[PDB]
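K.L.:
In case you want the letters, here they are:
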Amino acid sequence: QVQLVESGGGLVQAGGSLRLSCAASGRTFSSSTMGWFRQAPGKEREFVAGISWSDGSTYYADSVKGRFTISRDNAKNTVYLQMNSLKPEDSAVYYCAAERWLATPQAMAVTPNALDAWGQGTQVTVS
Amino acid sequence: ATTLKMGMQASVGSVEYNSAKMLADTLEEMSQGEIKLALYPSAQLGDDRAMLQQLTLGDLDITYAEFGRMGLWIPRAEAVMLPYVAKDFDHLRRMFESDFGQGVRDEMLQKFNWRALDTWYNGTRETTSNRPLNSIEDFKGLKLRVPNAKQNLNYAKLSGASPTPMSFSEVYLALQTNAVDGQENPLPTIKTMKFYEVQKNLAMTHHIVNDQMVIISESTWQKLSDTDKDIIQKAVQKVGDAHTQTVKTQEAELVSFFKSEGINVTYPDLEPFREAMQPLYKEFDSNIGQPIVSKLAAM
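Listed in order, the protein sequences are those of chains H and A.
One point on numbering: in the authors' numbering, the residue at position 69 of the first sequence is 69, and numbering is uninterrupted.
One point on numbering: in the authors' numbering, the residue at position 287 of the second sequence is 287, and numbering is uninterrupted.
There could be a bad hint or two in this list.
[As the list claims (entries may be wrong)] Once the Cα atoms are required to be at most 20 angstroms apart in a straight line, the calculated SDA-like pairs of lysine to any residue come out as:
1) A:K36 - H:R27
2) A:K21 - H:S54
3) A:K36 - H:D55
4) A:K21 - H:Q1
5) A:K36 - H:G26
6) A:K21 - H:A109
7) A:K36 - H:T28
8) A:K21 - H:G26
9) A:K36 - H:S57
10) A:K143 - A:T266
11) A:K36 - H:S54
12) A:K21 - H:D116
[To be verified] Residues of chain H placed beyond 10 angstroms of chain A at every Cβ, according to the derived structure:
13) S7
14) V12
15) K76
16) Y80
17) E89
Don't read these hints as lab results, they were simulated from the structure.
We put the beta carbon where it would ideally sit given N, CA and C, even for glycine.
Bound-form chain H, shown alone:
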């Protein structure tokens, strides 16, 4: 299997900035599309952002486009979700997810429970 582990999270002020990291254990990261999900308390899961391994394409949910940015560092087997301009709407548990071979990130959201690997999420609280 693949082991994913998040870093970053915690409390942040409204309008503040936070950077989430996700480190992947194996040597499949360079051939895996990577994504970020989130679940606010009481609501359904939302696909936040995703980044390809093959054609470099990215996806963002309209609720975060223009103020989240996603990026990848294959040398460290790590993806980053850089949350700029945070809002109370963004308070949730954030989850890192990986899917090998998939070229296009928006497709991660269609059947998230079938994806290759998940991290046990990280809570982000916005005041």
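Given chain H's structure and the hints, the job is docking chain A onto it.
P.N.:
Just chain A now, with coordinates in the frame of chain H:
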């Protein structure tokens, strides 16, 4: 290393997609990573007709397609998707390997740059109903939901049922209220929509057998090394065996699930169905100019 693009209408978590990932794993293994496979699911590049045109132009390397679906470009190929022409998958496979199949696969290549490497079993449509169907006589008067598609309509019409087109989101409630008496679909679809909650009976009508051909662009094939060609050919066959076994296994598990949930599963004699489809075979034999259907059925 080389990266090949594979596109498909199926989504993450589907069997078609899981088999594509097994192909990607198998191509990584058998080529020491010289071949990698990038997957574009959920019809993100378009439908099967669109990804087939992308293979013709070389813009997409690999994709899926049913043998009968070639009938849009190669009209004689529709014969294999006429109801009850294909008795089971091994019969549809024998048609794929026949002189008729080779001639279609030759015309696919020479005209449209589609090289079909293999064909995989992708399931069989069965029929659920609010009353038991033990023979073709029971189909008389049966309000049967079908998609608005030519052969599914013809199956209902010629078995004696009352074909009832209806949008897919509306069917569960229509079966619950008995506004519709039954419907026809693959077994994983029946569990997915939980149609078994509102249907007490399930007939193994085997009226439509489905396949997926694995097609690679000839423009990509001509660029590949003969070692790579052999790696790809062998990987597709290995994964097709597993894909066919996975589908056959899930159908057996679903029948056991439906029996455990109280569903009455019936196994009607299908030769009356085959004899009832003959008007549709005659319409096809005459429009295609050659008595083809009697020919595929006897294989």
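K.L.:
Holds or violated: are the alpha carbons of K36 (chain A) and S57 (chain H) at most 20 angstroms from each other?
P.N.:
holds, 18 angstroms
K.L.:
Hey, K21 (chain A) versus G26 (chain H), does the alpha-carbon distance stay inside 20 angstroms?
P.N.:
This hinted pair holds, its Cα atoms lying about 17 angstroms apart.
K.L.:
Within a Cα-Cα threshold of 20 angstroms, do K143 (chain A) and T266 (chain A) meet the stated pairing?
P.N.:
holds, 18 angstroms
K.L.:
For the pair supplied as a hint, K36 (chain A) and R27 (chain H), confirm whether the alpha-carbon distance does not exceed 20 angstroms.
P.N.:
With a Cα-Cα distance of about 14 angstroms, the restraint between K36 (chain A) and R27 (chain H) holds, given a limit of 20 angstroms.
K.L.:
Is the nearest Cβ of chain A still more than 10 angstroms from the Cβ of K76 (chain H)?
P.N.:
holds, 21 angstroms
K.L.:
Are the Cα positions of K21 (chain A) and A109 (chain H) separated by 20 angstroms at most?
P.N.:
holds, 17 angstroms
K.L.:
Checking one constraint from the list: CA of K36 (chain A) to CA of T28 (chain H), max 20 angstroms. Satisfied?
P.N.:
holds, 12 angstroms
K.L.:
Taking the shortest Cβ-to-Cβ distance between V12 (chain H) and chain A, state whether it exceeds 10 angstroms.
P.N.:
holds, 32 angstroms
K.L.:
For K21 (chain A) and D116 (chain H), compute the direct alpha-carbon distance and say whether it is at most 20 angstroms.
P.N.:
Judged against 20 angstroms, a Cα distance of about 11 angstroms means the pair holds.
K.L.:
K36 (chain A) and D55 (chain H) were given as a pair; does the straight-line alpha-carbon distance stay at or below 20 angstroms?
P.N.:
holds, 13 angstroms
K.L.:
Does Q1 (chain H) sit within 20 angstroms of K21 (chain A), going by the straight-line distance between their CA atoms?
P.N.:
holds, 14 angstroms
K.L.:
With d taken as the least Cβ-Cβ distance between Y80 (chain H) and chain A, does d exceed 10 angstroms?
P.N.:
holds, 23 angstroms
Going down the numbered hints, you'll see the structure goes against none, and every one checks out.
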